[PDB]
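Okay, so here's just one chain, in structure tokens, the form deposited without the ligand.
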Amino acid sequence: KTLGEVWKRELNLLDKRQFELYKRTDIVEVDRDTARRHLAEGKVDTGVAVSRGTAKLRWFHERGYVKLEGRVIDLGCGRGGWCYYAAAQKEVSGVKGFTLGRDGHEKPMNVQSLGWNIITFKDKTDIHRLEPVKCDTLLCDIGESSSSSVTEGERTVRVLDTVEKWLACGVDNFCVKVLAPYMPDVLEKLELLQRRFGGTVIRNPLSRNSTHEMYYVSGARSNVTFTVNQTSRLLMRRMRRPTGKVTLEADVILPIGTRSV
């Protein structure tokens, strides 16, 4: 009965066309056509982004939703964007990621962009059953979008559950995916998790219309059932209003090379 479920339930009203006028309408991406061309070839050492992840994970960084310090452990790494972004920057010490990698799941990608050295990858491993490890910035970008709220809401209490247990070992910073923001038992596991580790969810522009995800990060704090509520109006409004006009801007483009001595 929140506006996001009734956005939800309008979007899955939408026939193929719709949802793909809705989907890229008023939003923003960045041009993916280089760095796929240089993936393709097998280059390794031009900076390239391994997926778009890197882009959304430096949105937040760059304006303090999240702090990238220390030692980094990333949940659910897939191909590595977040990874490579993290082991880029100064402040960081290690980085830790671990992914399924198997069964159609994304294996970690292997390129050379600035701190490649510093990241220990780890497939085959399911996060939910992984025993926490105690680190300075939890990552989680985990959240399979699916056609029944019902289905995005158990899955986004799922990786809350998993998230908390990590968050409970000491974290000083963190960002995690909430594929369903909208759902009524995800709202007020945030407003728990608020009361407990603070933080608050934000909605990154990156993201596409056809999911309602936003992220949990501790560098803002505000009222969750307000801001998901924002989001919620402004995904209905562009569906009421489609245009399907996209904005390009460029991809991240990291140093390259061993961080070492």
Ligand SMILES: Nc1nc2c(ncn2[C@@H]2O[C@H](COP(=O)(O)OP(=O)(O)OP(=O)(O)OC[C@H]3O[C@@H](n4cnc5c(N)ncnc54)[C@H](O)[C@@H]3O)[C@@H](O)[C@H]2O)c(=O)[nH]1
Second form
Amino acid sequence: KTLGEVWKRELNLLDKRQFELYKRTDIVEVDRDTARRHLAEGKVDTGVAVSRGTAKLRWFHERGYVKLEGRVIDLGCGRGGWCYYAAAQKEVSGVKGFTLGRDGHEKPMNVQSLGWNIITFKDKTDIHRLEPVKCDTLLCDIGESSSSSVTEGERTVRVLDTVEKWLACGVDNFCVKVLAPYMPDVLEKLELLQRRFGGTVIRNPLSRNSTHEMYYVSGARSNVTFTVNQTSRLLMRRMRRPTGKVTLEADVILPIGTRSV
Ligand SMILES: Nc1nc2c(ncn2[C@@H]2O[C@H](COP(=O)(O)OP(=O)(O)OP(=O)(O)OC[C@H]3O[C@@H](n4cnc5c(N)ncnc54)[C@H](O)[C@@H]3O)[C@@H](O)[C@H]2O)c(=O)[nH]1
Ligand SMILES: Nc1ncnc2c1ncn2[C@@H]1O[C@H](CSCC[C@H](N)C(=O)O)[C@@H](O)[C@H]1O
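Could you switch over to the form deposited with the ligand bound, since the one displayed so far is the form deposited without the ligand?
Everything in the complex follows now, all chains and molecules, and the chain you saw is the first one.
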């Protein structure tokens, strides 16, 4: 029924070439070449990002969609791209990242970009069962894509359900991935969360067209259904005649070193 649900259905009908072209059509992409080479050779002091996630969070942060301050908690940190980005910001005092890091799930990577010493990584942790703790900035980048819209809806509502427990503790800032903002139950949960905690959902330009993910952030407030549909309209427009044309941009390079007294 929603424009987004139609989008998912049409997405699944695309042929191999069209899907490949479609996913990167008119999107922005950071050049990960140098970063990947450094990481692969064991370099930990060049300030390169451990994943594409660092650039994603930087985009939100640099334009006020989320302030990174004080005690930061990163649910589903994976390799740690968001933890390292937050750790390098002066306003941040500490970072706790939690992730599964098991059975194929990315484990935290160890590099020494600025503030690596203020991050405490913990793997083998299912954040749905992790007891909420008080923090100032809450981050969560969880949401596994599924060809089934019903399934993406279920996974998204589960993430928001868990995240609400943490926001309820009282947080100033947040940036939470919403896998399928186009699903009706999700739209309603977002409207309820907005009334309780404020914020709104924003589409990151670094996201590929093959996913409708948007992020629930604290730095702005807008009409949820309107903006989710604006993104649905954009995604459907790009599916008409995929060019695979991408805009390459410089990846994030952070300063290096420990943050000491
Ligand atoms: N028409 C197509 N749609 C595709 C394809 N691969 C993915 N998708 C769609 O994009 C969505 C995002 O894909 P992404 O690779 O970024 O996320 P996942 O790694 O979690 O993909 P899954 O949703 O987990 O799918 C697993 C695999 O299943 C295959 N798959 C998934 N959907 C399809 C379809 N519709 N047609 C053909 N083959 C399909 C494909 O090889 C996928 O890699 C996915 O949920 C699908 O709705 C594809 O080859 N063709
Ligand atoms: N229930 C759960 N508990 C903890 N971690 C989970 C989880 N479900 C998924 N994850 C992890 O969440 C991560 C999402 S990808 C996160 C990327 C990160 N923002 C970066 O910048 O690198 C994956 O590693 C996935 O394994």
